[PDB]
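Participant: Listed below are the residues making up each chain.
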Amino acid sequence: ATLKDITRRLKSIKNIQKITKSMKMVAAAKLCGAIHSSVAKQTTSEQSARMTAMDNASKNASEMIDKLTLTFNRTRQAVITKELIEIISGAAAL
Amino acid sequence: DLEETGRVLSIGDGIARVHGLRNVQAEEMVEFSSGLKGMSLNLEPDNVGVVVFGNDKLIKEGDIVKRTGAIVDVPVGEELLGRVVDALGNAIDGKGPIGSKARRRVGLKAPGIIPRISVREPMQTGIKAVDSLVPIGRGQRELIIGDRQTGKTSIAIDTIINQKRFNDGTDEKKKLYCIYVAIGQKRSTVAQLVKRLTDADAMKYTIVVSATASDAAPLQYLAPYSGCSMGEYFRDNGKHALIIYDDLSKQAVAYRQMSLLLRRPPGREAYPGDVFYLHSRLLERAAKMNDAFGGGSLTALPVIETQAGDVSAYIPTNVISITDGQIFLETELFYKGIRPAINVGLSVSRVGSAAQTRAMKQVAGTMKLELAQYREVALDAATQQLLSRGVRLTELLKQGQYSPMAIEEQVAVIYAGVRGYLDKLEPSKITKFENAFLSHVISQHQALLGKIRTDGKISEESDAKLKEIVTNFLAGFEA
Amino acid sequence: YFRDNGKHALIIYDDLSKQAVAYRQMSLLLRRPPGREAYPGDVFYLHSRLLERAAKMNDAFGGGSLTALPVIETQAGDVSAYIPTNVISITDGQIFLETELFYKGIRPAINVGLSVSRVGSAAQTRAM
Amino acid sequence: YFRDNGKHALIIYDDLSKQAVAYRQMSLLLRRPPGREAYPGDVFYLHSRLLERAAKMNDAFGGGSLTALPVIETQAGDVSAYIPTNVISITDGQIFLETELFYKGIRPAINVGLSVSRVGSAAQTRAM
Amino acid sequence: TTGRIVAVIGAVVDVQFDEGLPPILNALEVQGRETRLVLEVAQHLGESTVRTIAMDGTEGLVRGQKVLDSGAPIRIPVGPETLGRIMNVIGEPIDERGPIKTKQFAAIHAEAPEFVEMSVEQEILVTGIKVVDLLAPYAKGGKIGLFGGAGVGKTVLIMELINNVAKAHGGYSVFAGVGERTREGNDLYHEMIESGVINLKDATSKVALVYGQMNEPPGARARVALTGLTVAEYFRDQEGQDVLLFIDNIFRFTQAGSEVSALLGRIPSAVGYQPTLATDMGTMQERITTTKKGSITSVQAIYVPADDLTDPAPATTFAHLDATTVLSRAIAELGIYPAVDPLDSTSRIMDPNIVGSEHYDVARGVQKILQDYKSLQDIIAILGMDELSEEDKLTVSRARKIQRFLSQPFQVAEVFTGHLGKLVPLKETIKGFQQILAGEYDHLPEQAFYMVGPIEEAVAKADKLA
Amino acid sequence: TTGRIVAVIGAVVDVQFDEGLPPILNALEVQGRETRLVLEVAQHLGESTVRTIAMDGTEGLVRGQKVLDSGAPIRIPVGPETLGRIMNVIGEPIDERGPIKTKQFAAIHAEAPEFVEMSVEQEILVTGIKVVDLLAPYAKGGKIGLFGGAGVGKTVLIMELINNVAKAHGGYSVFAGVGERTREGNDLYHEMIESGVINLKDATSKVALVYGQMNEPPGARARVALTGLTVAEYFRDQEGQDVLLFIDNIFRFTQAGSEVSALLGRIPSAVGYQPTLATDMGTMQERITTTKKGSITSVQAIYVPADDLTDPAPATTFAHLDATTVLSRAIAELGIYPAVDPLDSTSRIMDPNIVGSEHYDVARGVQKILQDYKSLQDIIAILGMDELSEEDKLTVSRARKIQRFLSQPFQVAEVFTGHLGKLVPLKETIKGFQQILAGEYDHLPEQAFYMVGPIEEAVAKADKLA
Amino acid sequence: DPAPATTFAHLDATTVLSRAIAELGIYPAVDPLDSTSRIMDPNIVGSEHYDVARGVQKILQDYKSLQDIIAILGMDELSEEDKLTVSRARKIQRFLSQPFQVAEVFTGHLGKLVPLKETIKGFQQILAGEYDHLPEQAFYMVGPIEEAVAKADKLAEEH
Ligand SMILES: Nc1ncnc2c1ncn2[C@@H]1O[C@H](COP(=O)(O)OP(=O)(O)NP(=O)(O)O)[C@@H](O)[C@H]1O
Ligand SMILES: Nc1ncnc2c1ncn2[C@@H]1O[C@H](COP(=O)(O)OP(=O)(O)NP(=O)(O)O)[C@@H](O)[C@H]1O
Ligand SMILES: [Mg+2]
Ligand SMILES: [Mg+2]
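Same order as they appear, the protein sequences are chains G, B, A, C, E, F and D. Residue numbers for the first sequence, in PDB author numbering: 1 to 30, 77 to 88, 221 to 272. Residue numbers for the second sequence, in PDB author numbering: 24 to 401, 410 to 510. Residue numbers for the third sequence, in PDB author numbering: 256 to 383. Residue numbers for the fourth sequence, in PDB author numbering: 256 to 383. Residue numbers for the fifth sequence, in PDB author numbering: 9 to 474. Residue numbers for the sixth sequence, in PDB author numbering: 9 to 474. Residue numbers for the seventh sequence, in PDB author numbering: 319 to 477.
Hints are computed from structural coordinates only; laboratory data are not their basis. One thing to keep in mind: the hints can contain errors.
Subject to a maximum C-alpha distance of 27 Å in a straight line, what follows is the list of computed DSSO-like cross-link-like pairs (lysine-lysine) [to be verified]:
1) D:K469 / A:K359
2) D:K376 / G:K4
3) G:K260 / C:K273
4) F:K472 / F:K439
Full structure from sequences and hints, please.
Facilitator: Have a look at this one:
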């Protein structure tokens, strides 16, 4: 963990999250899961699947963000705590 | 006179610097002018550091300090039952003096290897989920960990309240004196707690040591230890006790205050290096004595409050690395209605199996497995049959508050779900079915329950009959 | 002076962030007790007394005013940092600026969603 | 000694991290205030002082040399940590190994992506 | 006994008393100053020297300047005549309406009620505000976290509560402005005057104001919560009332604490707060509960640092809360007032064994219908609100009637809203929503439930608007 | 000469001497005490005063109390009569079986073997555990470390290793309990008397037990390891035998060191630890080793506080190991036991010239497919597995069967797995995997490879599933 | 970091280097979105010079916004309008790189030196859409905008 990195993945996954939710609606209005998958290996459906896919994808990102942020703060608190103990050890060493 | 006395050189930071006391013992109780008491913590060439067990603002430079000539100890005994006292053992329920005739140091070291034996007697919490999936044994330590407002305190209260059915018996070897320590909580909650305990007629076999949010750190720091000594009384004299340190998480931050105040170098999350010893020494004192030492025991259900369900946090993992299992209470399960919110897949009982009654073992043995298969898969007739069992068994482990069940009734209610007399029933009703089914068996089948309570086993004779009692009930069940 | 004489003055303190930095240096060099980010414990008391000094006086005192505009340099936008936190609270509102909005073309680079004056319409003629 | 007698010596400081560790321990028990992660104030000088001694002498000084391959250990792969950046910003480049390339089968686990030599061509024979 | 200042380092002052030494927490009076400069004792350094934290500037102080031991801690005026008045940290009136002529005085430092003095009964403090009383009841003698920045109805909900509790409970109220901004502190004063809660003429004032301005030192800002606390205690232990204590920004109390702590040179705990965090919060919070004599309920506005609920400050504060009133701009926009979020605001006491099974099932039904309607939003918009089964069309409708019935016109809004405020008794609210849930009032238009009082005014409003 | 206590702080005790100052490490005996209380001289403070560390509680000590200099460090019994006995830090028996009549005694402090006594012989030590056997084989005479977080798998593993290895061992073993659970010693003791590795009647016992559990004060837990260590050294050198030395949690040795370092007057290092963490540790780990005079197969359980492998403690422990078995909570939470990290456990013995190219080539096949699956987990969590090529899906699938095929039911855990224990041979493990990789079982379901012994039992379980 | 963050205000012009950029083999690794200058005013460099600069920076910021969108979708969803800017971003991005006389030993190419005016023209034209028929590579590591076309030609013939 590193505040710099977490902050990077959060932003990046918050972005992804936004784009996927947008795609779920477009689909709704109209990657499509295992649709093209099935027929090759062997609309209504196509959009169905795309709706579903982005949906889950949207949740899966939010559940991921929700977990990164906790790690964000835990780690945010830790850094402050670290910086402080360092600051005092030097003072108590004078 | 400076051999048994001393003047206070300074008072601030939470530690009182005493001059004199040339004869004090480290960890010795001392008395100030104001009647307040302390402990000799630091013996130095020109002074003595005294942890003050109470409001240290009442101590002023010059105050006389006297030796009690004793290493900190507290009153102990059966006379403490049904009472409420503070960390020092002083009764605080207005009901007057304590008839205590014995004392015991709070820092006694725990029993060694020799005097022990693997837990083996049931520590029936009366809680279905617990007494079946995470079976506690007398003498074991089972951490109760979870976030604020998850139901931790219940797991414990229902447990104490459960014992009553045993203590109002004749056989002292099945009774369970209880001890509830309150660390850092609000007085009102304690107030509300014993009042509750009183109504359930539990306080008579219960001691309640309290060191609330208003009490100086040291008091809270201390409390758990004192309640332990009291518990040890029963342990070492052949009796069985159950002490509940309602969250050490707060005894830890209370200790942290003294550590940071005594200028001890901050570590992980600012805690001192000894926040682990703090909890390991205390909890090592809970144990199951073998026959050559009385056969008694001390079971400790400590409570740890996690932050956002982060069991990897410092303290949470310490205690976990001390106790014999954890009962994880998930916030999401709670606000979702699953109460008790016991995250089974995560919880454990590293030592409660051998201690579990043969009755449960039978039904619950298959239930942990069926919930295993279910936890995995959660069309195809195969898995469809697994998901059905799963959501039913799950609703079974659902339980109310303040109403611990009897171990025989459990095997009865569980017995249902395991054999399958719920497959055809619908979820939303399983709970309505339970309350009905259980109140039915209790009333019309004291015998069967009695044979199971007495055989602690569901013999082939008890089984056949229990099958009947359930089949001929489904028929007359009003969806 | 203007605030007490019926006149109105707008004062701009370019980065109190830097001032704080100076205060700390003196604090730590005198050996006071260091806290978060090594800043002294009364660093907040440093900006609070300065920021309150601004005011819209009553017609009885002349009607004069001292409006303040302190500047806070954040790091990577961390506003949950010690001094930014401080000031944010001490003051009446915030006009948040940002690089992304900048090179994007949005100049001045103010974040209408994040910026906020608690005084709102109070100082906004009906025309506006 | 070799670098000063028209001979070439290759030195390997197998683990300056541990060296930094020991240095910190010593400094701590000499009662000098601690610092970042508790190391001394001059941990940088600890290594910069040692690595500069590596060098290519001219013909007037024998024309010999001393090349160093100090080895630095990172935790959770953080080339962006104290000591690690301390040395990096000293040596003329660096070879970075990663556990990820190691299991994929890339042994030696050298990640070209981050591995450079500030000598480059200057140090290669015609054919190669 | 007289002391002599021997050490001044910012808001910290060490005084040497040759003979009688002043206990910890004892207020000392600095001699030779225009205004009054109080120094609260904090430590006995030894050598007849004591350390302290000033309650106001320390510029001008000189080593040797005389200092007087007031004999006890900081005492302030208590009693009826404090209501309507704005009190300083040390008890001084700052509303310039002259002296605070009281016969009584009390110390800001008082141990919390003892275990026996404790109430064991869980009663619900009726506010008369539907959402509150129905979805997140205020535990009488309990703390409630007020969530919501500004411009969401905070100042209105605060006074209304002052009004209701006064009208339906006879108890007064105190407002401890911890770390208040002189500006909003002024705004609040007049906003209250023009609301009725404060009267600069006839003693009809229902609230006592106590302020701890930001320009005031950490020492000052730390004690205010107690000064205002001591004030409220009088009305509970002396007049047996069920007071209401408002601490706007309990956070700035905490922070105030850390700054004192640091100034005193103590080693910070995790995240830079004071080691004493929990105890600082303990000693004060615990002075707020139900006693045999009466009770004090307190609404404390809370600031979550970095939006992190786990940060020490709040997390240390959530240990003392029984409820949370969450204000929401999302709600305020829809025109729903109070903008209390019906799903984020909650209560510990919202348990059958406490609010009765009946009351429970109602609050639960409303929470679940809103939850159901909040989900549907997707489908409704996308998949179109045309393929909604019977059970799907009623939910959305009923939920909307509920959602709006959750709005209530405040008596303190009369001044501007031009509408008689309403104070709904717990009985009326339960049945009101109890029915809506049944469907008894499905043959009515939405606006019928918007901005009303008892369920009656819903139907009466329906016919008129046809 | 007589020394007197001049100061006591927890477990650090300053003793002043008037004549004859005890050298460092020298063991002083505190006078006037019920049970033997040893203090270990840690430093010379000057002014004829030494700072020591107590090996037991220091309650009751009084300044001026006399302390005697034994004239030598802490000496404990070593020899065959220790076998079957249980001893504490200072070598006193704690199994209620009377004195331990050994001829020789040994100081628990000693210098590590010299560079010329070092052994370079590498020879695998098959354990029956597919994951260890496969990816990071243990070495006879090697230093095996088992890292794991609170409740992940250290103990159970050490136990299984005592089952699968110790028993089939022709020699003496030494188990050192350090800072762990006392009831565990209890468990161990009685499990050994059962199996018979401990005999209380005939003198055939093969295990020596040293204990200083989490109930002990810092000075003890800080030295117990040296005691168990010293008892192992006798068997190795003064007898030239193959010695097994288990130590359940050497991390406790360091942790303990931190508690006392504080009190010793040492400025603290990173994360609060002591400056001497590295050295302190070295002077100990270096003694735990095989020489030319004999062998020591050491297995050390290592606690990872807060599950942080970068914590100075564990971090600093890796360099001292010949083999590392890293346990993961994330893996454990997926119900994979032993929760061994296939991608973070290492063995200096994982060398083709040593375990063969067939073994090494499969090991790397497994760490490659899992590594490749791990790099796909980023895509799987957002876009599911419909966004993976046909090739990808294939590896994901084989990884999942390999992951599971890595689990295994240990005898010591039958109660939690509900499966009869399994001891898999080496060839069988090589084979089992060569096959899953070659795609030979790409038709069987994942759940078929979970919790099974050889590959054959992966198939059986497949049919049953139908 | 305190050291550098305190050093900025002391400068009248800052050129920030970026590992990210260097990693894309672009040198000097100057960040176009984090390098600023006090004289970057239209009334000091004229309007033509200024507009193009901000025009560069903007299209480069827009391109960062599409980095995400295309990170999940692929290069086939952007309207012909957006995918057009992405294609110009790349070229403008690459045209910012430049061989240094001092860095011959590194790149292996002949360091070029560009006159101001030839630089503006250079980017003025690319932003215009003129060179949308030329491959990106044509703009990578060159001098004035011409060599681009020239290299682009040497690139056509080789294919
Ligand atoms: N078994 C249960 N069934 C239903 N409700 C329950 C149950 N256990 C607890 N609760 C409810 O949850 C609330 C508080 O639970 P509690 O026992 O205090 O949990 P906790 O984890 O100890 N939290 P706290 O002590 O407040 O930090 C009570 O008010 C009950 O309404
Ligand atoms: N091989 C295994 N098979 C099944 N369950 C296991 C296994 N290893 C560990 N566990 C589970 O994890 C629990 C405790 O593991 P244990 O061996 O005590 O861990 P530990 O590393 O010693 N942790 P601790 O001492 O608390 O720091 C057991 O109760 C099991 O439920
Ligand atoms: Mg609780
Ligand atoms: Mg273990």
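Participant: Enumerate the violated hints, using their earlier numbering and listing them in ascending order.
Facilitator: Violated: hint 1 alone.
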